[PDB]
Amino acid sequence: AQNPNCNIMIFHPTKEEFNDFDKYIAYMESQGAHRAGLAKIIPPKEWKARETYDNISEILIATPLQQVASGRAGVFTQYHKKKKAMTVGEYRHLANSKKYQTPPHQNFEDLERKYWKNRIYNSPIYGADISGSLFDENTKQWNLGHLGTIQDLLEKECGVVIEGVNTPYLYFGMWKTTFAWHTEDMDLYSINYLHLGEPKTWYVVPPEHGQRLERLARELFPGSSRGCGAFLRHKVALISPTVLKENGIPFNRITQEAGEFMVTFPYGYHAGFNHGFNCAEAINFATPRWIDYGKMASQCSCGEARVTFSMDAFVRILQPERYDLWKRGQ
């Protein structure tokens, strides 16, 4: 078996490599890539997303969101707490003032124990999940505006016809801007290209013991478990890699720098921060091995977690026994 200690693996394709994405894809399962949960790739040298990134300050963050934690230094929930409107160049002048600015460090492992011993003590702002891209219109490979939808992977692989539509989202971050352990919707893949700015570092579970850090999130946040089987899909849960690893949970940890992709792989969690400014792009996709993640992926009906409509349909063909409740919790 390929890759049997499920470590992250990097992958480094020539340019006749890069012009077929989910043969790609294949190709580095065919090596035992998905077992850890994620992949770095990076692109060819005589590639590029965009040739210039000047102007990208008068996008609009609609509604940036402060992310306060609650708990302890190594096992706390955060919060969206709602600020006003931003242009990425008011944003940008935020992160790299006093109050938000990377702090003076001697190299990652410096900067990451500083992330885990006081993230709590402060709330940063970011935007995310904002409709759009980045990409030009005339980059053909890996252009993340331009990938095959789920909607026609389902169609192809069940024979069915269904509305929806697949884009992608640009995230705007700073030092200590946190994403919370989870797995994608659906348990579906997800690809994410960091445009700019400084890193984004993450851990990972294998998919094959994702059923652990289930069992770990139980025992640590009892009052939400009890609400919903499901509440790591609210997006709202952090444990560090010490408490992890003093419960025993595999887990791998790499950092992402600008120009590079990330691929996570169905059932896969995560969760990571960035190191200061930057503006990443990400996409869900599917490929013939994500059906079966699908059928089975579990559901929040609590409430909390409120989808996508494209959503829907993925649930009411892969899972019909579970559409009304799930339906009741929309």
Given for the second form:
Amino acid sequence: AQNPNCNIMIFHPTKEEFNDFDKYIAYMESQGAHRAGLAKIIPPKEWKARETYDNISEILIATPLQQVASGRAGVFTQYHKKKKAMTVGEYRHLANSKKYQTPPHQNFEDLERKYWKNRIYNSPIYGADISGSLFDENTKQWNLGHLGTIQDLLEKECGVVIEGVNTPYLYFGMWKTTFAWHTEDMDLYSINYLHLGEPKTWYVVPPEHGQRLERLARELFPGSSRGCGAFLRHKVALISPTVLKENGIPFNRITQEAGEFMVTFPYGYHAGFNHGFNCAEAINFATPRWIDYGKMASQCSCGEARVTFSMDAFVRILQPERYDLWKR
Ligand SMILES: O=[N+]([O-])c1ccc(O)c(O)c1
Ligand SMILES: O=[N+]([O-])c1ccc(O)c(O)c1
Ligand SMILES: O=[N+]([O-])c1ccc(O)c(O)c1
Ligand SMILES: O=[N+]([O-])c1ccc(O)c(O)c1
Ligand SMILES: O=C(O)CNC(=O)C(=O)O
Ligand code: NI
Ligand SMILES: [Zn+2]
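Structure of the form solved in complex with ligand 4NC, given the form deposited without ligand 4NC:
And the full complex, kicking off with our chain again.
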């Protein structure tokens, strides 16, 4: 078996290998990449997402989110307080202000230490889930707005045509902005391109050990667990690498830099934080191997977890019992 220790693998496709997206994902999996739950892909040197990032300041962040923490330094929840709209130019200026800017630090490790020590004492503002794309329309390779759709994948594999669309989302981050422990909707893949700015650190649990993380989460967030059988779908729970280690949860970490892609694999729990002002673009996608994960994906129906219009059809076709119950 390839990659039995479930290490995060890093790939350097040639420009020829970068043409066929589906084929390269399949290649990565043939090398065991999916066992980690996360892979890094460094594009060939000949490739670029767009010419420049010079004219992005007038993009609007309609609903910036202030991420307010509760709990302990290594075990906390965050809730998102809505703030007034601001442009990306205004957001960048805010990110670089004394209140919000990245502190002096020696290296990524020092910054990671500072993050877990001090995150709960601040409330950074995140511009998340902004529908849009920063890929040039002429970028033909790994353009996250030109991928085959999940709806077409389902149709190709299962022969059923369904409604729905899926399009990319932009994320504008600043120091300490945080993404909570989660898998994707319907345990889909995701792909994430860091367009510009400071790095993003990722933590990931191998899919074969995802239930170990769930069990720990139930212990660490007992009220949340009682409220919903799939409360990690709420995207509110953070657990530090120190606490994971103390509880013997298998995981890995890696830092993504500007110009790099990350792929998360079905049922790969992940969490992380931004180092400073940056912009990422991400989208969910599927492969034939995803279908069985989609069938088995847990669902939130306590009401908390927000779900796209397109996720309806996935549940309807792949989990008809759960769909029928959700109706009545
Ligand atoms: O940027 N890419 O991905 C490229 C650039 C040139 C090529 O000839 C190619 O096959 C891929
Ligand atoms: O703020 N809360 O609700 C919290 C904070 C930490 C926890 O471990 C928790 O179960 C709930
Ligand atoms: O709050 N902490 O630091 C904690 C809480 C629970 C744990 O099991 C742990 O190893 C650390
Ligand atoms: O455990 N699962 O994954 C299940 C259990 C029942 C279902 O009806 C389902 O669609 C998935
Ligand atoms: O970048 C973020 O804030 C969160 N991204 C993801 O969870 C992802 O790409 O799957
Ligand atoms: Ni994700
Ligand atoms: Zn719920």
